[PDB]
Amino acid sequence: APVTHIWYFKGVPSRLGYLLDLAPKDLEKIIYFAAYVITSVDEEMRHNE
Amino acid sequence: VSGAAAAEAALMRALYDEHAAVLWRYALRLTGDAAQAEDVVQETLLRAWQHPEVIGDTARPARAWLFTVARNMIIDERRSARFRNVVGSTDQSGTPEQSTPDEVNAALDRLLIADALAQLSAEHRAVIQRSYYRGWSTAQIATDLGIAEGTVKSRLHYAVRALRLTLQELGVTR
Amino acid sequence: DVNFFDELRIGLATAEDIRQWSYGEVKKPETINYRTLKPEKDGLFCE
Amino acid sequence: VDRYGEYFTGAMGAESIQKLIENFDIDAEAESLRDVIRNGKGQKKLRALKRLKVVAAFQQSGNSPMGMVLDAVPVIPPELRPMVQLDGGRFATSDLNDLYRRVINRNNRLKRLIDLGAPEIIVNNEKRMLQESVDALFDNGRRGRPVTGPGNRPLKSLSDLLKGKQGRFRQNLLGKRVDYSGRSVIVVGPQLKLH
RNA sequence: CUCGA
DNA sequence: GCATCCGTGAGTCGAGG
DNA sequence: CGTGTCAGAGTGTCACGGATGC
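Chains as they are written, first to last, in the authors' numbering: chain A, 99 to 147; chain B, 4 to 177; chain C, 3 to 49; chain D, 245 to 439.
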């Protein structure tokens, strides 16, 4: 299972948090299985239904 | 149906919420390493998922079956593999660091061997350097040099004594 | 191995670079054998 | 997911972030920051300046940001993490060997759960521990409480080999031990010349 | 750990 | 928009455990 | 190997800056 390099997650400032515009605590909740994150949404299918 | 397989995963998520965090503090006192206790917890509940007999009767204490499974895992982890290795860490103080001796004695001998080698015939020098420097067999050198089997045996026999002559004439210790 | 080389480059190591470096995967968690001192196959000291 | 699963896709853990980096347009997010940078209020512009520093570097260099998420971890050669025998019969190994061993232990247990189809609660809670293991191997103690060895001593990670007075740079590169050298007590000698 | 400049 | 909190740094060399 | 009460860690630095967060 893929893992993230802690140097770019926990190292201040969070390099991943700067790239994806995600907050550090929210990024902490994602990697360590405290919260799901939405990867994609079929926005047109949602409108047609 | 499909909802029946999802009830099995909702059953495991239940015993996590009541027993996992309490089982973790049990393994922590038995081992002392928090990262090791998490390993014991995952292995314990994995056997609960593989034993429907322990998840069957709720009228029978299931928490206790976990504490003894954790006891047996830690007492098995406490056998031979841990016995020898677990003792010391190089990063930890009090352990001597490894050292390698200097190559002075080897460098001087290599210099004297190179001197006595130059005072050999091109045939003898090209035979000792194929038996001791290249480590070939007696017949391997015979095939390369295009000479007889016993020819390599005789050249090595003299070339060795020829070096002993050159070394003893310079005072090389026997 | 001369001692004049201009630049020393650093960069992110691709997971494909990590396999390009590696001479094999470390499968088993064992280290060595504690009698023969011979390292176990596919362990952390596999020959 | 039970209702509108046909419409969206979500995930947890590190593999999710790996998917966000793939579904990411580097050039667009770079220009989006440039628009804010060109005309913006300092309160919300400084926070947009620093993002560009990270984003612009990935664009020009040609190296993908996906490297921040690892599918494989390299193992340092054994002589740099040597296991020495002790005069008491037992052994002593570098802490890097206990960290590499814990990654291997948890990675092989995850391989069993995937094969067995174990409940998602065990697989997800296991994957989390694999992340903490690689985090400990690379920089133990960075996040949360460090992995203690025997005696509540924190294990030295790979990044511990480079930091500070005991790190590789200051201990073994800026200063070295040298051959052809000695030391003794100094005693004044008036008869000596200045040279 | 304890000490020397 | 700001108080909070995290992470960084804190002499060099030598002798014995 | 099989496993069915529960028993559970260290704690006297600080200055300083900037990302982190209600």
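Read the hints as simulated data drawn from the structure, not as lab findings. Where is the CB? At the ideal position from N, CA and C, for every residue including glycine. Do not rely on the hints blindly, as some may be mistaken.
[Said to hold, decoys possible] To be clear about the criterion: a stretch of chain D counts as covered by chain B if any three or more of its residues have a C-beta under 8 angstroms from a C-beta of chain B, and this derived list gives those stretches:
no. : stretch
1   : 259-267
2   : 285-292
3   : 362-373
4   : 378-392
5   : 397-410
With a C-beta cutoff of 8 angstroms, work out whether three or more residues of the stretch 362-373 of chain D approach chain B closely enough for the coverage to hold. n = 8 at 8 angstroms, threshold three: holds.
Verdict on chain B covering the stretch 378-392 of chain D, criterion of 3 CB contacts below 8 angstroms: holds (count 4)
Do three or more residues from the stretch 259-267 of chain D put their C-beta atoms closer than 8 angstroms to C-beta atoms of chain B? violated (count 0)
Counting residues of the stretch 285-292 of chain D with a beta carbon closer than 8 angstroms to any beta carbon of chain B, are there 3 or more? violated (count 0)
Report holds or violated for chain B covering the stretch 397-410 of chain D, Cβ cut-off 8 angstroms, minimum 3 residues. holds (count 3)
When the structure is compared with the earlier hints, violations turn up for hints 1, 2 and for no others.
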